[PDB]
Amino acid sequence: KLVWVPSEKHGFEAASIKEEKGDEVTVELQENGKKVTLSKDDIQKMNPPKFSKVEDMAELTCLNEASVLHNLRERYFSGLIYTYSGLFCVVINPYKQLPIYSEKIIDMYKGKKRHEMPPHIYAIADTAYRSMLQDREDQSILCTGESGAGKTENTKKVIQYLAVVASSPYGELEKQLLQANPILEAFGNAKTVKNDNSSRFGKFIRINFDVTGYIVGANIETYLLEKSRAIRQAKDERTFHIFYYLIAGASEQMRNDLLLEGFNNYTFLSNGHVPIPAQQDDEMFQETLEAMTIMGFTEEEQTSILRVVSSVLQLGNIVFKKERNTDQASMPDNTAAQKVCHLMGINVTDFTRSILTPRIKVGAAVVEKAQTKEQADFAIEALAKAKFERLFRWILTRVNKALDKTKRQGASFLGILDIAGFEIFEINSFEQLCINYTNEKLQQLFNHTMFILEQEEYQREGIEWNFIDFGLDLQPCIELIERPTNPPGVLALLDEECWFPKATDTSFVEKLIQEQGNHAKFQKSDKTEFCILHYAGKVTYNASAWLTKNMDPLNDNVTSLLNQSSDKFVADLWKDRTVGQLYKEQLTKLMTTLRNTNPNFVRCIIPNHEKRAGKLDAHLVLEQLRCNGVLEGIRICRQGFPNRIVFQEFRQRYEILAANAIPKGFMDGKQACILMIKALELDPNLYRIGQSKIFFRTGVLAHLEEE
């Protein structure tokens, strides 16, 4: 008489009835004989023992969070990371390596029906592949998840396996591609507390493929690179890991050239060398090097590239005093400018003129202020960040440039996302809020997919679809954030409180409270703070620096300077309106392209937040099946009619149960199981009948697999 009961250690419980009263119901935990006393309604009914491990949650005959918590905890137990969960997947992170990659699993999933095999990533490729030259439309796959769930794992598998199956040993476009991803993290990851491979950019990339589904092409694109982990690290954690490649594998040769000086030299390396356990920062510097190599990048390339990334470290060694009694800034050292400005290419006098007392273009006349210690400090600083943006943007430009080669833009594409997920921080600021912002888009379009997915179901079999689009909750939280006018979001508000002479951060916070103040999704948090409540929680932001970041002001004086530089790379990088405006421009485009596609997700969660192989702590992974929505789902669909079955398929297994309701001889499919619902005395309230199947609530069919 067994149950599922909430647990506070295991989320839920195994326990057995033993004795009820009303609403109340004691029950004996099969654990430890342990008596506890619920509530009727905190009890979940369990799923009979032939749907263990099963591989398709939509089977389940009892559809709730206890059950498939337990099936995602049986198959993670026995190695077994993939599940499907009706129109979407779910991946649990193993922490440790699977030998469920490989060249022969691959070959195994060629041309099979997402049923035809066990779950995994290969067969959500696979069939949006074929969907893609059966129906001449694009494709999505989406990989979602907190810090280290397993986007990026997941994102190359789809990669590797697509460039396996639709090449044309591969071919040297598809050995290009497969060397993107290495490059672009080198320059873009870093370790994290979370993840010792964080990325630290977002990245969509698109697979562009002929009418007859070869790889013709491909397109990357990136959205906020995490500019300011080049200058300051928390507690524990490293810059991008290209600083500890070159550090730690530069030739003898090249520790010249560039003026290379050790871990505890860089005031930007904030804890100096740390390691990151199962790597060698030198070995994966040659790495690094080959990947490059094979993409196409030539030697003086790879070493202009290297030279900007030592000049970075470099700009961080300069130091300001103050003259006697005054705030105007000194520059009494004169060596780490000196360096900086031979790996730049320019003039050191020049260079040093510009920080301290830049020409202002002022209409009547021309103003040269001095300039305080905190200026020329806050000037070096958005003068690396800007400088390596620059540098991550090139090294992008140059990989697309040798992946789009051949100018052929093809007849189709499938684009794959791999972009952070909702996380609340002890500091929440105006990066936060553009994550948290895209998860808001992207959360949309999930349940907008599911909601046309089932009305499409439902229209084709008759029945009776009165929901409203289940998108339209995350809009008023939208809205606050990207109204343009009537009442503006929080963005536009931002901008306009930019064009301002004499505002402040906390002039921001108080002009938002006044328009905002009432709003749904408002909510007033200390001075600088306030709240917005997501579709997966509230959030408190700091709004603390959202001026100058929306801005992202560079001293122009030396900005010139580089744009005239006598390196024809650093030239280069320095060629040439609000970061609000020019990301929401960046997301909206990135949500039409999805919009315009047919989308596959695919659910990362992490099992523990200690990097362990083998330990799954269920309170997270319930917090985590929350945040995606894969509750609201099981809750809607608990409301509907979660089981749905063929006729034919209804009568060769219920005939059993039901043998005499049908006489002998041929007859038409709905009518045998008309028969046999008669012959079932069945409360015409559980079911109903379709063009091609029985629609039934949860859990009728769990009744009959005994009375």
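Positions refer to the first chain, counted from 1. By rigid core we mean the largest C-alpha set that fits within 1.5 Å across both forms. First, how it differs from the form deposited in another entry.
After superposition on the rigid core, the single residue among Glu185, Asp567, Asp138, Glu423 whose C-alpha moves by 2 Å or more between these two forms is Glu423.
Relative to the superposed core, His10 undergoes a C-alpha shift smaller than 2 Å between these two forms.
Relative to the superposed rigid core, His534 undergoes a CA displacement of at least 2 Å between these two forms. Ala234 shows a C-alpha shift below 2 Å between these two forms [criterion: core-superposed Cα displacement of 2 Å].
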The other form holds:
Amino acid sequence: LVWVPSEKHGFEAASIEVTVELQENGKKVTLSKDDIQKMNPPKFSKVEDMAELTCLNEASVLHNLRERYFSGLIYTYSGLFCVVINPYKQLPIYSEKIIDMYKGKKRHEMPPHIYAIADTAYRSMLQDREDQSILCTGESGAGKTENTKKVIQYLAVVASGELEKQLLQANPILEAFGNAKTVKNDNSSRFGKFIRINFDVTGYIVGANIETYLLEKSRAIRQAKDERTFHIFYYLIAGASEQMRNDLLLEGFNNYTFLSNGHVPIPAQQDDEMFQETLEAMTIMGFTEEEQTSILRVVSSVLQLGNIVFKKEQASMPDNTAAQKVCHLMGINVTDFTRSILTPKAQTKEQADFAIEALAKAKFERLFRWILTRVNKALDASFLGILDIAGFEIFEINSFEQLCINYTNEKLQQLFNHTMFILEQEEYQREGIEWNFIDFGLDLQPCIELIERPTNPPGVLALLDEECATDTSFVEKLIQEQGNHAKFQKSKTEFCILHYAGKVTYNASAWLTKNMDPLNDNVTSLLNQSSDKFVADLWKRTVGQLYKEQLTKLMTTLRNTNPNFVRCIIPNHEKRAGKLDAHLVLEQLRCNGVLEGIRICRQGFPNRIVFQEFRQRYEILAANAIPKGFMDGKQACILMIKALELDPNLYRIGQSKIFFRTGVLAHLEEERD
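Rather than the form deposited in one PDB entry that you just supplied, could I have the structure of the form deposited in another entry?
All you get below is the one chain by itself.
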């Protein structure tokens, strides 16, 4: 019996170039030897930790995952890291009762769960007095958020009671203004986010600070088919009280042009419901009724901006109604506004339209930054970062937003590679372990440099910053500079980047403008001194550049924390539950380095404890192991190990600690009880 490749399923069971006979079709086939992969004994049905597997190959991992999946188990430890496959359905596994069952539990004492990741990260923090970070990876839709949300849910329920109560409102609020339905995801985060929870030396939660990245402002004014803008718009429009309806001078879903595809209903969501849900959370978060109405008022103005209309001839808006409403909602002067918009320098429809849009997006980006800020005020020894970035996406038309998002995903995958494979081995040699380096063949440096290479060989981002000159002109130079670059491909101002997750063909249209983010300082000032305080508050070098900075500051913070990767796999592309796309899964398992991540956890020594700790934790397993009196950590360990009759292959004695093979300490622990 063996694993042979297959179309329907990544691999198929077949009994033995080689000529086997498929167990399903029965059809006898003749395939190369290198195409066959060994099956594992039935004893390995749904192993919780695939490092355990006797045979570790794509075929066995995929199988182990497929099985647990349809068995309702979506979490599977794979070496150090963990894998999660979107159930796309509700599962009875996130109760509070279960949070209890997982309290202070060791990874090996409980089936794989995001709670375990949360908890073990928690303890490890106190245990080694080192800042921790749980990093969720995954293509758009995989599950990064549902899981980030579970980690916070768990932590709030164990170390906290207001803070906790509000902590659990952070996302419900943020999601409402920064999430939106994309073809890939209905509740898609259109902005990355690093939630950092602060604890005291005791271990109790003390603060919490949320940092967000790359908010897709553009979505505020346009969305592709079957796509809708930020939830909050649909929420307010659909659930505002009649008095607010006309207080905000709100319209209908088809009275607003920024609402591209009018009202696009969500699966299992009710806008009117979510609106009260949002107001409830804002309430809990501590927002005053006026803070909330002021926020909702800004949302409305952003929609009304879209209704303004300019005509050709310069450009002139015959109908100022919208311009009137907008100003009414902004505490601005209709004529001062109309003037600053139509002539700050003559403006044509084309440029009048732009300015208005630019303002819309700018107005929203700030309302978000504000809400976030306010949330941070209300939420504010050791910290536990949690990173829910915007997942890799390849939409029909990929703009500058997607480049940044996917670039960040490439940056995160690399962080995984580095940690998992480089840092791992570095520590080996550094601690003096008999170890010969293993090039696991996983490096994204190239592509990453092809984008963020500031100096020396100009990269996409910097070439642009330079560019700002047609957008197309940008593409032309980008080619002449990169063109050949391995992870580059000439294509309408389009080009292709071969991201680890796949080949994305970008469209540089408007990129120059997008990277500059030009506002109409005229109207901009008007708002700066709006009769309305909130507005005024809201309005009290290049984008690419700004991001690079923020990203690096993050990577660094992350660099100074013990990372815990949770690899989220998307099962299918039909937002369907119970449909595991064997190949979509295999591909994901591939670019995530999951197999290489399990090999190193096997070929190396994942666990590693300091002499003393090993001595105290397991001296009981060999009481008559160490001399009665003073016994140096090292010699003491060496004694105990001998006393335990540990196979020398199972460990290594480094300078300051013993390195153990996967699951060795585990067994030691089990024996210990």
